[PDB]
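In the form deposited in one PDB entry, a lone chain appears below as structure tokens.
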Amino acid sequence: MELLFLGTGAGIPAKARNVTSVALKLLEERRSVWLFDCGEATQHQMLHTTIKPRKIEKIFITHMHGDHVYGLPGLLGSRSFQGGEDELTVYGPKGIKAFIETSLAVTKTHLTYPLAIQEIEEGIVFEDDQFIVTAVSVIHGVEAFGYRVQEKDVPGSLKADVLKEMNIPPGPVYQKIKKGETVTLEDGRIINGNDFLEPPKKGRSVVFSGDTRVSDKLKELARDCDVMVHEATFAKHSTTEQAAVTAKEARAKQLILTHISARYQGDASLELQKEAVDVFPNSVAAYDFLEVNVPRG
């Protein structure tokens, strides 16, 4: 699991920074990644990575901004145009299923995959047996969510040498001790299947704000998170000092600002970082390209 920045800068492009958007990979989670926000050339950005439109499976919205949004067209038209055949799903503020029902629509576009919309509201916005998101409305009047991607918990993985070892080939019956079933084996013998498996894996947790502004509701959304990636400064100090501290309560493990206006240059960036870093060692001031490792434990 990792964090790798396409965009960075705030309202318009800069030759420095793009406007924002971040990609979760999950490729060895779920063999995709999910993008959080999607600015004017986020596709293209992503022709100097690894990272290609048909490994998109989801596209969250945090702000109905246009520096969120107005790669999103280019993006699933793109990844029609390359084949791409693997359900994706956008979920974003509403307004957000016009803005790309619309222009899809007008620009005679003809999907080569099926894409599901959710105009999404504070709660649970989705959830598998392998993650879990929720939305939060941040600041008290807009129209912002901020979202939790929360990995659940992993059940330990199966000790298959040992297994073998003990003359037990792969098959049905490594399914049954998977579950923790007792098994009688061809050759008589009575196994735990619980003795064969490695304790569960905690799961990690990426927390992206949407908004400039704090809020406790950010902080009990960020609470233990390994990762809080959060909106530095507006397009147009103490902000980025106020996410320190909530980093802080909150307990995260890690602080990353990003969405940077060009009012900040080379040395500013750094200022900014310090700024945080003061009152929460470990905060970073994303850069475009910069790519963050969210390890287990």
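Numbering follows the first chain given and starts at 1. What changes on going to the form deposited in another entry:
- When each C-alpha is placed with whichever rigid part superposes it better, residue 108 ends up apart from residue 163 in the two-part motion between these two forms.
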Contents of the next structure:
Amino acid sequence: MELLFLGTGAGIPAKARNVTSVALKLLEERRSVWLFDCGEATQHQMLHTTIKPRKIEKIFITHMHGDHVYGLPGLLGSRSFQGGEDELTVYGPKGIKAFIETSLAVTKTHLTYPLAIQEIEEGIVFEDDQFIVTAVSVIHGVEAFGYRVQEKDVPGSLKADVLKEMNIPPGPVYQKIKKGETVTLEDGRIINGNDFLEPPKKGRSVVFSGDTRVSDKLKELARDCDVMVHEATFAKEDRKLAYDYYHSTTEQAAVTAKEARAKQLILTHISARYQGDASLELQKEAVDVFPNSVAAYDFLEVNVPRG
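Given the form deposited in one PDB entry, corresponding form deposited in another entry:
If you are looking for partners or other molecules, they are not here, because only the chain is given.
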């Protein structure tokens, strides 16, 4: 589980930072990549990385603003052109279906893969045996969301040495014991799988805030998460600019991660006003409140470790 930042810029693209797009690498977990917002030139940034368009399984959109969506028709089109076979699921607010379908029909684009566009609302957006994604409404003026990718608890390691010692040879019965199933051995021996299993390991959690003002709903959504990817468009000084433009400051994002009891905070959606040298100042403004703060820059890779 890795977080590759493709775009850390707010509103209009800059030479330093391209517009918003964060990739959630799940190659070991599910052989795929999950995108969090797809602003213009996301595909272009992807050409300088190991992430391939065909590797994308689902794209989650926070809000309909152009710096988060204008990369969608190009990325979807290229995936089909690279020989895309597997399904792609676009999650977004009301308007995303109109935007994708119109931009693909007028351009005369026929996808070589199935496209599912789910117009989401506050609650569980996607759920299966491995992951559970929940969206929550955020303060931005326009219909905006905050996502949480929650990895469901994995079953504990097999006490294989215990089985080997008990004259149980390694074979296809080992995966059945790993599930906890009461197995009937070749020589007629009944054993409970759960007895030879270590305590289950707690799953990882990444939170993508999108564009938002200081929100209590976002604090609750990011409860005890491994990595909180919060937007910090402005600095501590530009507090009034943040309110009037429906955004958050470095200090505001740091207070949220502190109260949510998050392990790490990554500041994204940074204004073009602040340069490479000024980025450290923004990071230190957040570090004073929440120490494990990182001000994200283009092509930043952050690993999400397990417990």
